[PDB]
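Given next, in structure tokens, is a single chain: the form deposited without the partner chain.
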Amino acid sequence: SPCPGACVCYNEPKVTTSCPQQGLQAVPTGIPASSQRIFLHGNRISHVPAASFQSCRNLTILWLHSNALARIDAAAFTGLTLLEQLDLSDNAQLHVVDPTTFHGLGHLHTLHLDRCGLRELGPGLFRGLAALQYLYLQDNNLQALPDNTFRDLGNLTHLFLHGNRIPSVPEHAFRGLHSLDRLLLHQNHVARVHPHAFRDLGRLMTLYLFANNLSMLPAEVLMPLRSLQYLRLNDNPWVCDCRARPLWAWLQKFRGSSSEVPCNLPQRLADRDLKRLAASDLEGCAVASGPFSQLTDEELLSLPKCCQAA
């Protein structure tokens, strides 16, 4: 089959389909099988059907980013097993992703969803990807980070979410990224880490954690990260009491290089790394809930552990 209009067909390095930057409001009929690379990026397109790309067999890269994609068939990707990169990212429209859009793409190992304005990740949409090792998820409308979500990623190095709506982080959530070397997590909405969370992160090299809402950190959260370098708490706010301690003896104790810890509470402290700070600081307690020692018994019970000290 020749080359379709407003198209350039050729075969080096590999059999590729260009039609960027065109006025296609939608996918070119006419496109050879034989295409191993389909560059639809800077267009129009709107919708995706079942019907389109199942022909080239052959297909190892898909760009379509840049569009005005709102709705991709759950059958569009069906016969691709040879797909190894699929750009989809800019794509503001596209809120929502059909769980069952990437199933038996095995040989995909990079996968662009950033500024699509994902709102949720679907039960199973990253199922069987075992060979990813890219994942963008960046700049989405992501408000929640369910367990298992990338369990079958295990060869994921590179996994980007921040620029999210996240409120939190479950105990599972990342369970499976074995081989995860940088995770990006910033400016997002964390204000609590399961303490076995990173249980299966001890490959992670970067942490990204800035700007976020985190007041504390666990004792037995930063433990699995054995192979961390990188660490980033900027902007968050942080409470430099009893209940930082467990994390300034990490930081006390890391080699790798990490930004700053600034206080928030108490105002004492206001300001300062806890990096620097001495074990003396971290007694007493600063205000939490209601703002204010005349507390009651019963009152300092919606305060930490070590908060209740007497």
Given for the second form:
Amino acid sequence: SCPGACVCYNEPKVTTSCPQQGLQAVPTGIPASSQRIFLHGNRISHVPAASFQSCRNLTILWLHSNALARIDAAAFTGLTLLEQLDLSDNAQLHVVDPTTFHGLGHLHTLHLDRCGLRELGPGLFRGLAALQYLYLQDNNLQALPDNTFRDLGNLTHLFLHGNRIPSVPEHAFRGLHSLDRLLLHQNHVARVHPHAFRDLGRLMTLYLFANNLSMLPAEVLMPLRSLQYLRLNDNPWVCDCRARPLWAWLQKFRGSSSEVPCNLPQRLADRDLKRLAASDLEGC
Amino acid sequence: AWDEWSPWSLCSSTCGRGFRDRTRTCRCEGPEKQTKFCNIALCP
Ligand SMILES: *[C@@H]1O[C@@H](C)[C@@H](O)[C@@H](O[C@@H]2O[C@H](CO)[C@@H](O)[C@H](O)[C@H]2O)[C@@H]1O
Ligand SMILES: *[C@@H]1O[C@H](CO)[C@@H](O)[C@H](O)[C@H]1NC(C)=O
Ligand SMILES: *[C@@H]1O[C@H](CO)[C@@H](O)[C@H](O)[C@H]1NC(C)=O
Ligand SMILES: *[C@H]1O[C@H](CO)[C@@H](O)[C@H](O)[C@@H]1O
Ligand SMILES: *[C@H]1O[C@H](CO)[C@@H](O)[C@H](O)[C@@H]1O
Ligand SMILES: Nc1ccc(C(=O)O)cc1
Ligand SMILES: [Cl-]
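Okay, that's the form deposited without the partner chain, but what's the structure of the form deposited with the partner chain bound?
Below is the whole assembly, all chains and molecules, this chain first.
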């Protein structure tokens, strides 16, 4: 009944577990009653269409740390109750067909970090209304297109750090009304649209450190009425009068922020924007 | 005659187990500093 490379047990949930067994393919004969399937740490290179189709009650599927080079668009057909899908640490994946997650209406945790992803294609996260945690860090993303997350009204954690994102457009984060933590550090972000955070009134943690920011428009942080933790260090901040709105916002912020180190002008290059006097930012 | 607690700090680490702290100044029974657990992310 159980595949030779696996251990199968019924409690607490029906589980087929075969991690780190040197598998090059999804094993045949996984029990249709499986509720959890653990295939992490193998060398699986392809997930064909309907690889788990008979497992109608599946809620946990772990495929991380494999050698995935292709996931069929219909790989997850049948998995209408799937709640957790870990595809992370498959550095040669590179692309996920934008229909791959369609129909996963109970999905609440989706791991896609360390997958070599070059882009988030149109519709990739369509209709994932139950999604809570979305891990996209440590890929090769070079853009955050408008409306990429627009249906993710229940998302609370969005990790995007460790990519090559050069800017945040107006509607990148449209729809993210429940978002709690937004991790955007270690990117190439050179500007944030003034209204990029309009829907993030419930955000509590924002990381923007290790980017390419020299300034933030006056409006950017205004919508962040619940913010408690803010990291802005390791950016080339200019501390002249163009920094006055950020300075003023930081003076009134009731949470905790990182140092905001001045890069220029040289006479202030040894200072934290937060600690400057108002007279240092006069002029415009 | 305690003053209000400061906001909790940034997390000591953003990978794995870390802590935040907060402080308050007198004017008086109770602590002066507290810490609490934080975990932002798992890092390989
Ligand atoms: C805070 O956010 C995390 C999600 C990571 O991106 C952290 O970076 C990692 O920090 C550890 C030390 O805690 C370093 O050893 C890793 O090299 C670094 O990627 C970040 O500080
Ligand atoms: C799914 O669970 C239901 C309810 O326990 C059960 O009747 C059904 O046989 C299960 N489906 C599979 C494919 O095992
Ligand atoms: C969205 O989140 C709320 C609160 O957790 C929940 O009641 C609702 O069912 C969720 N929507 C889904 C799962 O589609
Ligand atoms: C700090 O702690 C609590 C609020 O967290 C209260 O006892 C009071 O605000 C104190 O200053
Ligand atoms: C720290 O703890 C929570 C947020 O993590 C709040 O009670 C408040 O922000 C406090 O300073
Ligand atoms: N890694 C895991 C292995 C097994 C189980 C379980 O049987 O609950 C959970 C996690
Ligand atoms: Cl933090």
